[PDB]
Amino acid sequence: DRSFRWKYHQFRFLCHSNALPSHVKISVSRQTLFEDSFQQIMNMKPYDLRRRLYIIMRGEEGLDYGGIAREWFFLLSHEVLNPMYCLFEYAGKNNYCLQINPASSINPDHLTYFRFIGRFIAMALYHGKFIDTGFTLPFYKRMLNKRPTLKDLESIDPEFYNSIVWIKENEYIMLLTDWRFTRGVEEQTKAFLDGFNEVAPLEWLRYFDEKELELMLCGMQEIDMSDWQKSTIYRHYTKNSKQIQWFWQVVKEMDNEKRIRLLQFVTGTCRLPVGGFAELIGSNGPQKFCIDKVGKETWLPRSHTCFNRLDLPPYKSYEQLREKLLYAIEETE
């Protein structure tokens, strides 16, 4: 229940208490980056990856190894997304909802590559480096031994979610829910978790929730309040409605961390799209941040991350809306 700041410091300090001296060299070329990094890292002992990193980009004069490290992490974290490797894929249009490719077994040695990716992510977390791989929140759930829920089903598979939501309301459901997330990607996921656990114990993530973990891996960015409010559309509501005015009031009241938490709550990620909120992506294509008048005032506001939509009840007071919004943002998904 402690703040994200506290968990961050505790995790970093925990990493530092288990720090090893000396260093390790990783020699790669920026056009054989994937295979070279793979070979280098997988030919090393896991704990040795806790030593200070010196990425050797063959043919470059730079001596700022921190920047070289960061650039390497970014480049590789993007390189693992190459559809030629059949390691990852997307469940929706416009690179929406990254997931492990069930057909990854088309390459017989794929599990070693997933273990390598685990090691890699573990290295990024250990050395305080950021990645832009774009793992979804349920993925992080799996990393935190949290089971994916029905809401998550709405996040990654809206039609499946609608079907199930109908079946119900007019045990099976639970098996279906688990199956949608775990189908064809069992061994790959376990290999990833093992590779991660080789370098940095999963146990060290025990205090984080999924959004906080995503924040740990992606890094914090300041949110343009202006760009956000400009790209916001409304249903039934107008920008002059009481609830909307109060809403933006609350958002401006928020610090950056809280705004990020809101962004994660409504969109499903802390990452901003290229070109600002105007280029916001949901399932079924481009979809800007929307606010809808849905739900009773006795209910919390709720989100549809597939549509980047915020169901906001017509609360009769600013304080009520503020309370419910903060609570829903911090305690519900």
Second form
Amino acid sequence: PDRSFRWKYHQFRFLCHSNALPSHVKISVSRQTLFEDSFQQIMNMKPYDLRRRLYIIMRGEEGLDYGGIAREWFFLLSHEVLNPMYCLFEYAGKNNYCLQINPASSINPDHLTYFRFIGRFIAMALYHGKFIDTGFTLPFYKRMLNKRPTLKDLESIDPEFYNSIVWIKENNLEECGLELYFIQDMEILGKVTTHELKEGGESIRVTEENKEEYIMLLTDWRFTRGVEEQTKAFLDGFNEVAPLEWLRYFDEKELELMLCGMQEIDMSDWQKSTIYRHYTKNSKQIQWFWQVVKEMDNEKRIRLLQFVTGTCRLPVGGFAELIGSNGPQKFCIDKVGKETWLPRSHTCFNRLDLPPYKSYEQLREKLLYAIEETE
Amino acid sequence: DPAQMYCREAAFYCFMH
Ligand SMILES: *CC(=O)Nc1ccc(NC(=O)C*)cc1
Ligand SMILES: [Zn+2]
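For comparison with the form solved without the partner chain, produce the structure of the form deposited with the partner chain bound.
Okay, now the whole complex, with that chain kicking things off.
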């Protein structure tokens, strides 16, 4: 819970080792048919047999040490499931920003079995201590941990909808005549439907005395709308291989690290590709900021990268190629707020709202706290 | 890419064990 990431990791490993089966299973794939072979063979196994040693066979190749052939199969299949012909996923923003399940996935008639498969595969990666690069979002990880997505999470997947809900939260809708009811619409595959946000929501108007419950239910609906069955199929497939309850103690950032591996952060590249707003590279707080970063070990730097961008993954080009929800967006630090505030981030824009703190000590303390405790 | 995955994997194992 409050224990270190490394401690939680070893507890999880002990659960995995304590429940391993002997012998092995063979997965034989060809590279041209990676997904189809991987899908047929894995879905034709009893799920507990996937806890045995994995013998991955690239049909017609080398062999030797399995750590590297394991990593290549896990890596490549984690990209192949994104293949648009399968119709399983889509992206919230431009240029493959913010992966999410495609609500129209049922156009693939097998799509629930495909999601169950991806669940098994992701559990296999965790179980066998191997890493993937699919790009699931921090709220997708929250669901696996039975953490409710927050209002702040919305800003990562849907900046406008977030701003829209923030506006309602902060403003008197009765004063502006805003007409809202506890219902929402959704069109998928050209078939628009209506979901009541609670019983009788159709007629229940949103008032100042209603607002907080409305915001909550609307938030829940944005994250689950149209992807319920897909998400359940993913979760049941994962759970079949590795019980989801073994993932206790992790927060969603740690789970992302568990699945992605650990990125070494180049402080040089980071600093050469940061842009400022109101601040400049010579501002006192910006200098204090980079001194805090230099003082951080690599785990804290990753934690900060996740806090500001919403992910531990850097693009292959480094910090220069960093993408936001509306195109390329470099890491940005902006002078916003009071020194009584904590730093805040807008992950869709890779932006850190750094208040003009008066001392290195104050900035360092609030920054380390925010990274550890807030999102 | 594969190079980055080798790094991510090895750095993770070293951090943990
Ligand atoms: C690319 C890269 O940095 N790889 C890498 C490999 C191994 C380690 N291992 C330890 O530090 C013990 C770090 C990084
Ligand atoms: Zn981002």
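Superpose the two forms; the largest set of C-alphas matching within 1.5 Å is the rigid core. Residue numbers count along the first chain shown, from 1.
Trainee: Look at the Cα of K45 between the two forms with the rigid core superposed and state its shift in Å.
Mentor: Taking the core as reference, the C-alpha of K45 is shifted 0.8 Å.
Trainee: Keeping the rigid core fixed, what distance in angstrom separates the two C-alpha positions of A19 between the two forms?
Mentor: So the C-alpha of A19 has moved 1.3 Å between the two forms.
Trainee: If you line up the core, how far does the Cα of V274 move between the two forms, in Å?
Mentor: The alpha-carbon displacement, core-superposed, is 2.1 Å.
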